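Student: Each chain, letter by letter, is given below.
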Amino acid sequence: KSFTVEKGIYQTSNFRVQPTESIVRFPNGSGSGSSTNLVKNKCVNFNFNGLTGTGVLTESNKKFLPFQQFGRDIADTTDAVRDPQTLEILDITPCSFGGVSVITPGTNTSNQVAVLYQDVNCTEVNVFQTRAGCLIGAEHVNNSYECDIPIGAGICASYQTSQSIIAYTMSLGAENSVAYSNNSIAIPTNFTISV
Amino acid sequence: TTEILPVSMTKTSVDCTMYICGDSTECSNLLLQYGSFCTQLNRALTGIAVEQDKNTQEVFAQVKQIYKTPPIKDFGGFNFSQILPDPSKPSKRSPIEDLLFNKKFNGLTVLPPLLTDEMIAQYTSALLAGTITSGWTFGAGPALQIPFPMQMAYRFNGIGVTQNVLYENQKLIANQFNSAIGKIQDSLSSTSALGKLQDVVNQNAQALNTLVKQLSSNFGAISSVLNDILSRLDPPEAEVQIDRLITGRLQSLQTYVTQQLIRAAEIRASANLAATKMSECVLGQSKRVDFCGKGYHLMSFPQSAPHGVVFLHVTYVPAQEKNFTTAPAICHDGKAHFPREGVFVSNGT
Amino acid sequence: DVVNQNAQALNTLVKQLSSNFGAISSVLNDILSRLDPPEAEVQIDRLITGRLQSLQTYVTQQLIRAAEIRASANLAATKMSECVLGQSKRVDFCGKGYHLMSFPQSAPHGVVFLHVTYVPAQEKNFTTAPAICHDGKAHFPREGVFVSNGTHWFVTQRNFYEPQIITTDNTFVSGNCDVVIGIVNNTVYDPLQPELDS
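Chains as they are written, first to last, in the entry's author numbering: chain X, 304 to 337, 530 to 620, 641 to 676, 689 to 722; chain E, 723 to 825, 854 to 941, 943 to 1100; chain V, 950 to 1147.
Rather than coming from a laboratory, the hints here were simulated on the basis of the structure. Every residue, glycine too, gets a C-beta built ideally from N, C-alpha and C. Worth double-checking, as some hints may not be accurate.
[To be verified] Okay, derived cross-link-like pairs now, SDA-like style, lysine to any residue, Cα gap no bigger than 25 Å in a straight line:
#1 E:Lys921 / V:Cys1126
#2 E:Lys1038 / V:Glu1031
#3 X:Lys304 / V:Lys1045
#4 V:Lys1028 / E:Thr941
#5 V:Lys1038 / E:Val1065
#6 E:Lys733 / E:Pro1057
#7 E:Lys825 / E:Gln779
#8 E:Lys825 / E:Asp950
#9 V:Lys964 / V:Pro987
#10 E:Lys854 / X:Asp571
#11 E:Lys811 / E:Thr941
#12 E:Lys1038 / V:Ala1025
#13 E:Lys1038 / V:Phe1089
#14 X:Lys304 / E:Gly769
#15 X:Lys537 / X:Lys558
#16 E:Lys1045 / E:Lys811
#17 E:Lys933 / E:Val1065
#18 E:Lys733 / V:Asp950
[Stated by the list, open to error] Among the chain X residues that face chain E by a calculated CB cut under 10 Å, a handful are:
#19 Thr572
#20 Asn641
#21 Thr645
#22 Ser698
#23 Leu699
#24 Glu702
#25 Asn703
#26 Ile712
Work out the full structure: start from the sequences and follow the hints.
Tutor: The following block contains the structure:
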């Protein structure tokens, strides 16, 4: 609700992979309907013998019992199904979703921004994958600096030199080995009054 | 002795729309009539997460530079192997840290903490190196090296024991220190040692489980499945049922967020206490009784732990007391003499 | 941050009035003047439930913030007592360095402490030793350290380089040379002896 934005990272929107097509399947006979081809590794609107849902269908290693048709998780949500035509187990994964945040330096500085899609592999969406999600618009840099804008999992971002947003593993401070020995001591010769 | 303190908790975030009205435009339209509850809840949770990052920063990032111990481990007979990082391990955790560390999709997500466990381990290693190589000087200004034996002599002077005692019992003191560290190792290996910390983790897990389970309830509605209601009733009745479900689920979210705020305040207090102990117990010698374990505080060593910190408090405890006759003063030539520092004692003669 | 949180809470509370909570309208008089009592009462009950819930949420959040600020005020009072009305030996409780004193200042709904502290500045290396032998007896410094610039040994206070001659006054005797590890041989000046000679 502002015409000016300070430097930082802001949670703006939500990203939600949308389904591609509807998969309706019935046993090898006639389940009072016309079956469709099975689509794997894709966000689809599946319907198995009236059990409807939306998700990604993958080949599962779970071993349903002969009489078992569906699988449920701890929260009692559809976790896997058995294809009515070929007796195989399809694991169901919720279609990728997450938050969408905007990493920006202060608008008084520049209008360039980067976008973080939280907890999503951006193969599904100047692209940098990180444990916190995928960052787009930021240039990954090997050099480590002080954390200007925190992203997460040790990754921060900053507006640096011609100027652009860079992402880097934040440094914890200068390394300073202490000249320890069994007979040497350091003593101050002067002092300062600090307020 | 060992003291364990929670520092932070999981940074949870909830997509209210997916939680209540998952995949229902009509249900989202109905949500719109309830105002800006979603924005308020998101603001609260984001504030909690930022506060968790702040808590970790306060507790651990109390050192200006990353200090490192010398390659030669000659500290006058004191063995710190059980607390210093193990160079061979890919993740440079100390054995005690290894012992410590060894011990759903309805719009709910977990944000990674800003500082990885490796960075916290680096901070702990810096603190340990500073304490070992420079005593408490690095906590005030420029780190000043000092032989560890002389440092321990100063520690003894702090608790009112003449430093000659340490120089005359150095080997015995080193043996006792090493044995105590080994006992800490064994005690953690065998032992419910992680208390309030595991309680925090369990409370958060239970809160999330309750929030998820509340979705399956009806709150009086004909069904707990939104699409069921949409596909079995006309809009005039479907909207009433959806309103009932929305009210129930929104109340559940509000309860969850309020309880999370209370827990966040509690853990903020705990992290403040942990930071105070790091400052007054590790970066110095504390004269506050029982603030750093039983006995007279000699020093402390920090160790990281899942969402928490562990302090190894090294203290001095009197062991073998003996009786003597005492007197407040002594007469020599009509004048009373009082001890400058100590007591007058008599074995009988 | 506290000020902004309070302002935002009030703004949210005010904005919640414009919502409907499922009712036909957010204006009470509108409902009163468009519906009969049997239906108006249902709509008013809906609005009342919504607004009462909003008030309850506001009050609970205010209680939580009040507890937080009570803790903050307790900390501020403790700092005023231990840092301004005295000198604190609690490390980092009154800013970096060794606490010398503190000065309070008022601020909008808050307090500011100016902590004046002493920070060592220019450190120098010296050779050290735990004790010194004079005549078979070990001497330890009463207060300070034994330091050496390479040729001579002095006794100096720990926090400020100020060499002084090692005498029987600066040090105290305990035990002998056969115990302390790293002891060094040197001379302990006795102020009395010149007077006895003179």
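Student: Of all the hints given earlier, name the ones this structure violates by number, lowest first.
Tutor: Violated hints (numbers, rising): 3, 4, 9, 16 and 20; every other hint is consistent with the structure.
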